[PDB]
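Peer 1: Please model the entire structure based on the sequences and the hints provided.
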Amino acid sequence: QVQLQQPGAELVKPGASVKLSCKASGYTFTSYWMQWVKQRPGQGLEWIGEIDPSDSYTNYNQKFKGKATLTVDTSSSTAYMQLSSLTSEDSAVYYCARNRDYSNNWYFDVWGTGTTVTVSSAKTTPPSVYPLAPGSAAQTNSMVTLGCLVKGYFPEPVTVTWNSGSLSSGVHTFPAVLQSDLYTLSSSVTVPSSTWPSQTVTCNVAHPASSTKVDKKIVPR
Amino acid sequence: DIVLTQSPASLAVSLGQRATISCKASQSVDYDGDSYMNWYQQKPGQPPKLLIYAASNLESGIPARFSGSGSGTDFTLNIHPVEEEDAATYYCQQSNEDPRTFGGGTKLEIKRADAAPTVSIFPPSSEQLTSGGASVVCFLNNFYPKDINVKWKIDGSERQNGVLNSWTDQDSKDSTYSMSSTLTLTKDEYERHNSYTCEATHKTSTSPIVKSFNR
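In the order they appear, the protein sequences are chains H and L.
For reference, each letter of the first sequence is one residue, going 1 to 221 in the authors' numbering.
For reference, each letter of the second sequence is one residue, going 1 to 215 in the authors' numbering.
Calculated from the structure, these hints are not laboratory results.
We put the CB at the ideal spot given by N, CA and C, even for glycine.
It cannot be assumed that every hint is accurate.
As the list claims (entries may be wrong) - Taking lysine-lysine pairs in the DSSO-like style, the calculated list, with each CA pair at most 30 Å apart, reads:
no., chain 1, residue 1, chain 2, residue 2
1, L, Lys203, L, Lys107
2, L, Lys24, H, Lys65
3, L, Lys187, L, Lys111
4, H, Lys213, H, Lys19
5, H, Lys123, H, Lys23
6, L, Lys107, L, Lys49
7, L, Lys187, L, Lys211
8, H, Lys216, L, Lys43
9, H, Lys217, L, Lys173
10, L, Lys153, H, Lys216
11, H, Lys23, L, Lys49
12, L, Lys151, L, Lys24
13, L, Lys49, H, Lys65
14, H, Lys216, L, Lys173
15, L, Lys49, H, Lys67
16, L, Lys107, H, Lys217
17, L, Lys43, H, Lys213
18, L, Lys107, H, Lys63
19, H, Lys63, H, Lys23
20, H, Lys217, L, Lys187
21, L, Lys173, H, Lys63
22, L, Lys49, H, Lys19
23, L, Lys43, H, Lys19
24, L, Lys211, H, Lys63
25, H, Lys213, L, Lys187
26, H, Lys23, L, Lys43
27, L, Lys187, H, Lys216
28, H, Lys67, L, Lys43
29, H, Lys216, L, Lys151
30, L, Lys187, H, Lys123
31, L, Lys24, H, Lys63
32, L, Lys211, H, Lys216
To be verified - Computed from the model, here is a short list of chain H residues facing chain L with C-beta under 7 Å:
no., residue
33, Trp47
34, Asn105
35, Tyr107
36, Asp109
37, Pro126
38, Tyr130
39, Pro131
40, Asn163
Peer 2: Given below as structure tokens:
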């Protein structure tokens with residue numbers, strides 16, 4: 001299984017720098033060039049540069065020459081990108097992607113999970129997770145909607161799954177909203193009325209930047 | 001460098017219809033009868049996915065309803081017939097010269113039949129109350145169109161400050177939207193009132209949809 005893995009997030013102080021990593025697996029690492037792309041919400045995708053792992057030959061986008069440095073470790077099958085003297089404008093999701101050549105035409109066929117980088121003097125804040133139980137009805141429905149409130153965290157992102165992922169149907173996760181330098185997000189899951197009261201339903205939240213995990217069980221009111 | 005321009009930026013198409021996405025190159029991306037135009041698809045919270053390379057080559061595993069055409073400076077991505085899972089954002093990318101560049105992207109939306117929202121209201125959790133704050137939450141699930149608004153009424157009175165609203169992107173198997181409204185007050189404010197109501201205004205109804213609870 002071809003895979004490109006990247007850490008979920010990085011919180012950096014303005015004027016500082018970071019080394020983003022991208023671990024490859026499932027293929028001959030040196031057999032293909034590695035690409036790095038930048039994605040800012042609303043702006044779209046931007047190409048940073050490429051590197052040939054076999055000899056470490058690099059090619060940069062003029063715009064990033066002197067901001068990004070690419071290297072690789074053919075021993076551990078890892079590719080790297082250092083970003084220096086970061087500014088708010090550098091906040092974004094960074095992707096590493098495998099390149100492929102077709103009749104001289106280059107395209108990227110496998111993309112990494114992406115890394116959310118946030119530039120700010122603000123400090124990491126783990127989320128406060130609260131269970132949202134209905135606690136009322138009139139036997140007017142066959143399905144029940146439960147939820148979880150993830151509030152007051154920084155920075156993005158957070159991962160929410162239900163019953164470690166066993167529950168995937170009828171699940172909605174709402175994009176986070178920022179208010180007062182802190183993000184708030186919520187998630188819902190709709191299960192059968194015969195399921196919940198008796199079967200334990202739990203919400204699992206992971207916040208990569210703070211390395212914290214919280215599991216909250218939904219208990220009827 | 002060669003700039004790519006995608007038109008439009010947003011598109012709404014009906015199920016079973018044809019969606020045509022345009023991409024304009026500032027300069028020719030041709031070379032030996034080979035157009036170096038690639039197309040990617042990106043769904044919310046996911047990395048981009050390769051659809052077509054070299055302008056008209058369908059990557060393996062990609063449904064035949066997707067096709068690409070063009071040469072020189074004009075390219076189009078065609079989806080016919082469009083399906084629900086096709087709700088996403090599409091980007092073109094050229095690999096003729098350096099630097100490599102992408103188009104602004106085009107968000108595709110599926111037009112389906114109206115759907116009224118399912119409303120759920122949740123009072124604050126005991127855990128949250130111990131902390132001195134109080135958040136009342138309302139979920140407005142699986143509706144269409146996405147046009148909707150929520151009003152919060154406390155003891156019959158409208159409240160506007162401390163309300164955070166968030167919509168999801170179009171569903172992948174439903175083509176419906178969902179949204180959550182969160183009303184946050186201090187524990188003392190919450191404890192002085194008894195009736196908490198959230199009423200939604202959607203086109204599938206002449207009168208508001210009300211959902212409430214009493215402390």
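Peer 1: So, for every hint listed, does it hold in this structure?
Peer 2: Hints, verified against the model:
Taking the CA atoms of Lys203(L) and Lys107(L), the gap is near 23 Å; set against the 30 Å cutoff, the hint holds. The hinted pair formed by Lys24(L) and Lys65(H) meets the criterion: a straight-line CA distance of about 27 Å does not exceed 30 Å. Simply put, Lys187(L) and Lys111(L) have alpha-carbon atoms about 43 Å apart, too far for the 30 Å limit, and the pair is violated. Proximity of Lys213(H) to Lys19(H) is assessed by CA-CA distance (about 24 Å); at most 30 Å being required, the pair is judged to hold.
Simply put, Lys123(H) and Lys23(H) have alpha-carbon atoms about 28 Å apart, close enough for the 30 Å limit, and the pair holds. Only pairs whose Cα atoms come within 30 Å are accepted, and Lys107(L) paired with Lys49(L) is accepted, the gap being roughly 15 Å. Annotation: proposed proximity of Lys187(L) to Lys211(L) holds, straight-line Cα distance about 21 Å (limit 30 Å). This hinted pair checks out: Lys216(H) and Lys43(L) have alpha carbons roughly 28 Å apart, not beyond 30 Å.
Distance check on the hinted pair: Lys217(H) and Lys173(L) sit about 28 Å apart at the alpha-carbon level, within 30 Å; holds. For the proposed pair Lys153(L) and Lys216(H), the alpha carbon gap of about 29 Å is at most 30 Å, so the pair holds. Simply put, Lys23(H) and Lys49(L) have alpha-carbon atoms about 19 Å apart, close enough for the 30 Å limit, and the pair holds. Straight-line distance between C-alpha atoms of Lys151(L) and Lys24(L) comes to about 43 Å, which puts the hinted pair past the 30 Å bound.
Among the hinted pairs, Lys49(L) with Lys65(H) is consistent with the structure: their alpha-carbon atoms are about 27 Å apart, no more than 30 Å. Taking the CA atoms of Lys216(H) and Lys173(L), the gap is about 28 Å. The hint holds against a cut of 30 Å. As the CA atoms of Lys49(L) and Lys67(H) are separated by approximately 27 Å, the hinted pair is consistent with the 30 Å bound. A threshold of 30 Å between alpha carbons decides the hint, and for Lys107(L) with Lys217(H) the separation of about 37 Å lies outside it, so the pair is violated.
Distance hint between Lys43(L) and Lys213(H) is fulfilled; the C-alpha atoms sit about 26 Å from each other, no more than 30 Å. Taking the CA atoms of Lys107(L) and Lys63(H), the gap is about 27 Å. The hint holds against a cut of 30 Å. For the hint pairing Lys63(H) with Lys23(H), the CA-to-CA distance comes to about 26 Å; that is within 30 Å, so the pair holds. Note on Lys217(H) and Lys187(L): the hinted pairing holds, with a Cα-Cα distance of about 23 Å set against a maximum of 30 Å.
Restraint check for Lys173(L) and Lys63(H): not satisfied, since their Cα atoms lie roughly 40 Å apart, outside the 30 Å limit. Restraint check: the Cα-Cα separation between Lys49(L) and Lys19(H) comes to about 25 Å, which is no more than 30 Å; the hinted pair holds. At most 30 Å may separate the alpha-carbon atoms for a hinted pair to count; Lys43(L) and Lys19(H) meet this at roughly 27 Å. At roughly 53 Å between alpha-carbon atoms, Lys211(L) and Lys63(H) are farther apart than 30 Å, so this suggested pair is violated.
The straight-line distance between the Cα atoms of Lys213(H) and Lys187(L) is roughly 26 Å, inside the 30 Å bound, and the hint therefore holds. Proposed proximity of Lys23(H) and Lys43(L) is supported: the alpha carbons are some 23 Å apart, at most 30 Å. As the CA atoms of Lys187(L) and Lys216(H) are separated by approximately 21 Å, the hinted pair is consistent with the 30 Å bound. Taken as a hint, the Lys67(H) and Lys43(L) pair is honoured in the structure, with Cα atoms around 29 Å apart against an allowance of 30 Å.
In summary, the hint linking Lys216(H) to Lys151(L) is supported, as the alpha carbons are separated by about 29 Å, within the 30 Å threshold. At most 30 Å may separate the alpha-carbon atoms for a hinted pair to count; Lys187(L) and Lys123(H) meet this at roughly 26 Å. The hinted pair formed by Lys24(L) and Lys63(H) meets the criterion: a straight-line CA distance of about 22 Å does not exceed 30 Å. For the suggested pair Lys211(L) and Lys216(H), the alpha carbons sit about 25 Å apart, so the restraint of at most 30 Å is met.
The beta carbon of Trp47(H) comes within 4 Å of a beta carbon in chain L, closer than 7 Å, and the hint placing it at the interface holds. The criterion of a C-beta within 7 Å of any C-beta in chain L is met by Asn105(H), whose closest approach is roughly 4 Å, and the hint holds. Evaluation of the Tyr107(H) hint against chain L yields a held restraint, the C-beta minimum of about 4 Å falling below 7 Å. For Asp109(H), the interface hint holds, the least distance from its beta-carbon to any beta-carbon of chain L being 5 Å, beneath 7 Å.
Interface restraint check: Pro126(H) against chain L, minimum CB-CB distance 14 Å, threshold 7 Å, status violated. Because the closest C-beta pair between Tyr130(H) and chain L is about 4 Å apart, less than 7 Å, the hint holds. Interface hint status for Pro131(H): upheld, as the beta-carbon distance to the closest one in chain L is roughly 6 Å, under 7 Å. Hint on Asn163(H) is violated. Least Cβ distance to chain L is approximately 19 Å, over the 7 Å limit.
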